[PDB]
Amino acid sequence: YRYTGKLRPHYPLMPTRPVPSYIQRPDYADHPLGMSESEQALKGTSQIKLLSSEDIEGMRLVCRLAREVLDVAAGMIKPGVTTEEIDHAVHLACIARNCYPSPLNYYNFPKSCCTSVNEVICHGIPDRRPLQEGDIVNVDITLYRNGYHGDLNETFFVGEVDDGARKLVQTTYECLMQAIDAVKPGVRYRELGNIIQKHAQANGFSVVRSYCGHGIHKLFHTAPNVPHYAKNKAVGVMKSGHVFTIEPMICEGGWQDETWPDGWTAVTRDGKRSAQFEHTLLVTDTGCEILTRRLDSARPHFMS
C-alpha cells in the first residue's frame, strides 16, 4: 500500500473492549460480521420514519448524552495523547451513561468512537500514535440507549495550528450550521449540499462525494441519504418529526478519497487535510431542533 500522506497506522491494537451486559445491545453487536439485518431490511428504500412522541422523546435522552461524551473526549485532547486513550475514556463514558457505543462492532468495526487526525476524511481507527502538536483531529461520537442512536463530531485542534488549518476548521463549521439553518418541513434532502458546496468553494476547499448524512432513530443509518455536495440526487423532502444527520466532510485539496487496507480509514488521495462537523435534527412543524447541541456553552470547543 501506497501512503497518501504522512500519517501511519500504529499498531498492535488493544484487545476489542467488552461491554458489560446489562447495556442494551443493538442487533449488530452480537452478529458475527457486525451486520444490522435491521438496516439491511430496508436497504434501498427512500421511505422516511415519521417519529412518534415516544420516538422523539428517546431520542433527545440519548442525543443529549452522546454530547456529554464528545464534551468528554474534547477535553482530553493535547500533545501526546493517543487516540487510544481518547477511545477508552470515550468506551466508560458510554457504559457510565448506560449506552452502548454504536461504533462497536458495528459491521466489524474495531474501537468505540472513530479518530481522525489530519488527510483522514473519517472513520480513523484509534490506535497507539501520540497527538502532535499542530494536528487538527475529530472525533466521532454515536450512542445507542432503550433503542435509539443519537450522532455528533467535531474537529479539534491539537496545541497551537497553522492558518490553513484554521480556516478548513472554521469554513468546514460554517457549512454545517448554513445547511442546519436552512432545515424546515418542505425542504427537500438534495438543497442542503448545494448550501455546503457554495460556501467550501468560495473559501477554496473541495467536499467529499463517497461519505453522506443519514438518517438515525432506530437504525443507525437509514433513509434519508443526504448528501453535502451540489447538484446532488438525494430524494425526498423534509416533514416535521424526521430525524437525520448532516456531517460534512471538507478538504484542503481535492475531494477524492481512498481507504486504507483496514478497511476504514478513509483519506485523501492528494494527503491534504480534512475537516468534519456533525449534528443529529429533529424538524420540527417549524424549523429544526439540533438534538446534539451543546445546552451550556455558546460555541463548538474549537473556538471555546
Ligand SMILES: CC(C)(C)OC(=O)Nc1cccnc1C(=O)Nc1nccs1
Given for the second form:
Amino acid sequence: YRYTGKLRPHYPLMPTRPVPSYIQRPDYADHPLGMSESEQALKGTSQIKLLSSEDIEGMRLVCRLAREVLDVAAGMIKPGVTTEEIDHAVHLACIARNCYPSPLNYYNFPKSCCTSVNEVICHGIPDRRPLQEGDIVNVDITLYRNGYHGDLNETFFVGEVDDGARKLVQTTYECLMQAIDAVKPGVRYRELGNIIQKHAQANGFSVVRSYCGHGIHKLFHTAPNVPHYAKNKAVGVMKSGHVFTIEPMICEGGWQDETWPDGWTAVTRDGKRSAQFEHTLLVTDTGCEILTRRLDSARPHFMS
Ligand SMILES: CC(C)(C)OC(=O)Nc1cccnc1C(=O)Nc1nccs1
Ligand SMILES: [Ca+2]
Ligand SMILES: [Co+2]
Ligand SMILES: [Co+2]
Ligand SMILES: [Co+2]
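Next up, the form solved in complex with the ligand. The previous block was the form solved without the ligand.
After this comes the whole thing, all chains and molecules, with the earlier chain placed first.
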C-alpha cells in the first residue's frame, strides 16, 4: 500500500476493550462480524422515522451524554497524548454514563471512537501515535443508551497550528452551522449540500462525497442519507420529528478519498488535510433542536 501523506498507522493495537454486561448493548455488539440486523432490515428504504415523545426524550438524553463524552476527549487533546489514550478515556466515560460506545464492534470497528488526524477524513482508528504539535484532530463520538444512539464530532487543534489549519477548521464549522440554520419542516434534505459546498468552495476547499450525514435514533445509521455536496439526489423532505446528522468533511485539496488496508481509515488521495464537525439534529415544528449542542459554553472547543 502506498500512503497518501505522512501519517502511518502505529501498531500494535490494544486488545478490544470490554464493556460491562450491565450496560445495554446494541444488536451488532455481539454479532461475529459486527453486523446490525435491525439496520440491515431497512437497508435501501428511504422512509424516515417520525419520533414519538418517548423517542425524543431518549434522544435528548443520549445526545447530552455524548456531548459530555466529547468534552472529556477535548480536555485530553495536547501534544504527546496518543489517540489510543483518548479512546481509553472515551470508553471509560461512556461506561461511567451507563452507555455503550456505539463504534465498538460496529462492523468489527476495533475501538470506541474515531480519531482522525490531518489527512484522515474520517474513521481513523485510535492507535499508538502521539499527537504532534501542529496537528488537527477530529474525535467522533457516538453513545448508545436505552435503545438510542447519539452522535457528534469536533476537530481540535493540537498546540499551535498554521493559518491554513485555522481556516480549514473554521470554514468546516461554519459549513455545518449554515446547514443547521437552514433546517426546518418543509426543506428538502438535498438542499443542505448546496449550502455546505457553496461556503466551502468560496474558501477554496472541497467537499468529501463518499461519506454523508445520516438518520440516527434506534439505529446508528439509517434514512435519510444526507450528502454534503451540491446537486445531490438525496430523497426526502424534513418534518417535525425527524432526527438526523449533518457532518461535513471538508478538504484543503481535492475531495477524493481512499481507504487504508485496515478497511476503515479514510484519507484524502492527495494527502492534504481534512476537517469535520457534526451534530445530531431534531426537526421541530418550526426549526431544529441541536441535541448535541454545548449547554454551558457558547462556542466549539477550537474557538474556546
Ligand atoms: C453501510 C452501513 C453499515 C449502514 O454503515 C454506514 O453507513 N456507516 C457510516 C455512514 C456515514 C458515516 N459513518 C458511517 C460509519 O459507519 N461510521 C462509523 N463510525 C464508527 C464506527 S463506524
Ligand atoms: Ca482530519
Ligand atoms: Co462514521
Ligand atoms: Co459521528
Ligand atoms: Co454521524
